[PDB]
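Only one chain is included here, represented as C-alpha cells and corresponding to the form solved without the DNA.
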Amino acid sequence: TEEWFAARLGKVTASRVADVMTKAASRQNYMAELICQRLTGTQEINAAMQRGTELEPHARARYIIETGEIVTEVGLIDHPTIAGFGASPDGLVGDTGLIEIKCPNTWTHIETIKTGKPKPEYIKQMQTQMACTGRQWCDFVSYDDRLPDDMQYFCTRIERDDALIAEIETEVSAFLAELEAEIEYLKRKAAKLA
C-alpha cells in the first residue's frame, strides 16, 4: 500500500527490535534509517523475499487448515503507551493469540524443523507484537511448499514473556529518546545556522 508505509514511517517496528537490542552497528544503522525517515518524510526503497511474501497467504491458509483457529488480518498496531513504536502481526488468532508467518529459503525452514525454535530475533519480534497488542501467545509458523507434504508446515507456540517485554520496552524507550533528541539537535543547529 501507500498507507502501509505511512503507518510505519519513522517508527520502531517489531521486525527491527532485534537491531535495537543487539550487543552494535545494527543499532546505529537502524537509528540512522529512522532519523532520515523522520527528517525527509520518506523511506528508501530479492527473489526469495518476494517469493516469500507471495506465499504467506498459502501459509496462513495452511495454519487454519491445521488448527481450525479464527484468524483476522490486522495492520500496524501502535504500542499502547510508547509513542513511535508498533507491530504488525500476520494475524489475530482467537481472542488472545497471534500468528507470525515465515516463508523462507528451504534450508532455513529445515533448520527450524531441526531445532524446533524460532531465531532469537523472531522471539523479540513476537514478544513485541504481544507487547503492542496485549495478546497472550503467538504461533510461529514456518512454511515451504517446495518440500514433501510432511515437511512443508511447522508451527510452535511462543507464550507472552513479561520480563522480556519489560526489557524490550526499556531498550526501545531509550532508543526512541536518542532518536528524537538527535532530530531535535540537528534541527536546532540548522535553524540557528540559517
The other form holds:
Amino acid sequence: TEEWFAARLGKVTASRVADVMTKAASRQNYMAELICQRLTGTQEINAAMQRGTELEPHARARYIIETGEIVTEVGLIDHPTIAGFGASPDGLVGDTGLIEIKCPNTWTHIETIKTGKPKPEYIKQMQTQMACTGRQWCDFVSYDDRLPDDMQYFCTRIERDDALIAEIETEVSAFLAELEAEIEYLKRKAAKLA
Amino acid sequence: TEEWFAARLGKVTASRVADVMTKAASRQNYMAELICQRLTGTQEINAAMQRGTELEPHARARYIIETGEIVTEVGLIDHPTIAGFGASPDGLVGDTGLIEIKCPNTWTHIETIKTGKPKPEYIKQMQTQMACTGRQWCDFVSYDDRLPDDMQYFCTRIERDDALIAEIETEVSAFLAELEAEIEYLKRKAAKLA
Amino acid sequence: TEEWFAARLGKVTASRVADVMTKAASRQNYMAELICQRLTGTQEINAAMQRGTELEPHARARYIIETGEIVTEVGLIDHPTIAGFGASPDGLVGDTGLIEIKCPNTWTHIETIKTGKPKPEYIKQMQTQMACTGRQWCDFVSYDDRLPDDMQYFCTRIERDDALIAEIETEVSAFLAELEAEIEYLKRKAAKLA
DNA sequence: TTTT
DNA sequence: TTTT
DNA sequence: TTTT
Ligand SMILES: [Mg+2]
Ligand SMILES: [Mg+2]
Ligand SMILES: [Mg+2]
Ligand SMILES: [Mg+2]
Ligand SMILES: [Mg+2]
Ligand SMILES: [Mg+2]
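Having seen the form solved without the DNA, the form solved in complex with the DNA:
Next comes the full complex, and the chain you just saw is listed first.
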C-alpha cells in the first residue's frame, strides 16, 4: 500500500505493543527491527496470514449486517502527543467506537468463542488504538466462514481503560527513548570513527 | 485422491495414533484438527515428504522382489466396531499380513538399520492397522535408493499384540468421546445463542 | 559450482568446525550429514542467505577500495596433513593473509560493529582456514549496504593462534576417526548380512 | 497489518 | 498419508 | 559456503 509503510517507518504501532511490554526477547528483537528501519530507510517482508487479509472486508461487511453501525476506514493515526507512535485500526465505528478484526485459524476462532475474551496482546493492541485516536471503545470481531453460520461471527466490546493506557504510554515512551538513544549512540561511534 | 479424504474426514487414523496416546500438546492439537474437520467439512494441507511419496511404489516393488509375497493395495479400512476410526495400510500381504512402508531421510533409514526396531510411534501405527483389519502381522519396510545396494532395503516383521491393541481402543474411544462431546458442547452453546 | 561440491563431499570444512567442537546435537547431526554424503555420493540443499551470496563480491571490492590489498580467489584448500579436511576462504590476501566475508542481516552487522569482535564460531572458521593454508592472519569483513555509508563496512584482523589450531586438529581428527569407523562399521554389518 |  |  |  506504499504511502502507508512510509507513515510506519521506524514507529511503534498498536499491533506490536505486546512485544514492547513483554517481561523478554521479543522487546529487543522489535527494538532491533525499528532501529534497522530508521537506519536503513526500509522494512523486511504465510497461508493463514494471507486469509486474514483477504477475508477482512468479508468481516467488515458482516459486522455491519449484524450491527448497522457506520464504519469508516482510516490509515495510520499518530498518537496525539507521543512522537514515533501510532495505530491502524480496522475501522472508525460511529463517533466514539472502533473495530479490530481477526480472521484467524478456525481453532483459534473457536477458542475465542469458547472463552468470550480476546487474547491479552489484542487487549494491548486495542487499548493503544484507543490511546491514539481518543476513542471510547473497540468492538473486537473474530470471523471464520469455514464454520457453520451460527459459529462464523463473534463480537465483544472492549471499553477504553485509562489506567492501562497510562502504563502503555510510559513503556512505549521508555522504549522509544532507548531506541532513539541507541541510534544516536551508533551514529556517534560511526562518525567519530572518520 | 479426493474420494479418500472424504473417507478420512474427522476420523482418528492409524498414523495419528501416537499423538492420541502421548503423555501432551500433540493430543489436543490433533483433537483440534478433527474438531475443525468435522465442523468445517474439510482439511488443511516438504521435500522429504515428497520423496517418501514418489518412492513408495519403488519400495512396494522391492518388498515383492525380496519376498515374493502377493500384495494388494487398499483404501481406508474402518475399524470393525469403533466408529470414526480407521487405517490406511500400504498393503494387504497374503491372507493375514500387511505392509507399512517408510522412505525417509537417509540418516533415519540408517538408524532403523542400526537398531533393527521401528520407532515406537510406528509400532502404534502398525498395531492400529492390525486392529482395523484383523490382520496377524505387519512387515515394516524402510527404503532408500540413495545408498549402496546392500543398505537400501530393510524389513522387519511385527506381530499383532492384542494387549497393546486393547489399550489403543480404550484411548481412542476416550479421545473420540471427548471429541464428539466437545462438538456437541459447541453446537449447543452456539445454537441457544440464537 | 559443481566441480567444487565434488572437492567437498564427505569432508570436514572450516565453516562447520564450530559444530564439530560444540559441547552437543550439532556435532552428531553434522557427523550424520557427512556419513550420508560419503555413503550416498551426494549432498542435500533462504532470503538472508541469498543476499550474503550476491553481495559477497560487493564486499570483496569494498575491502580492496579500503585496503588496496591484492586479493586472489581460491577453491577448497585441503588441510596440509589431515585427510578429509579443508577450507574455502573468501580470499588469499597478500602473501600471508586471508579474507572471510559476511554480509548478514543488518542487525547482526550492527552487533558486530557494536562489539568489534566476530562470533566465536567464525573465530573457529578463520583459524581453520589458517590451519589449512598456513596463512598468518585473516581479515574479517562484515558488509551491509542498506545502512549509512559510515556504517556499511567493518573489518578486524584476526591473528593465527597456534594453540587453538592444535585443539581443532585434535577434535577434527577425533571426529574424523569416528566418522570413518562408523561407515566401516555399517559397511561390515550390511555386507556380512549377505 | 496480516496469523501463532 | 507423506518425513521429524 | 550462503544467514541464525
Ligand atoms: Mg488493524
Ligand atoms: Mg485486524
Ligand atoms: Mg500407510
Ligand atoms: Mg508408509
Ligand atoms: Mg568462505
Ligand atoms: Mg563468507
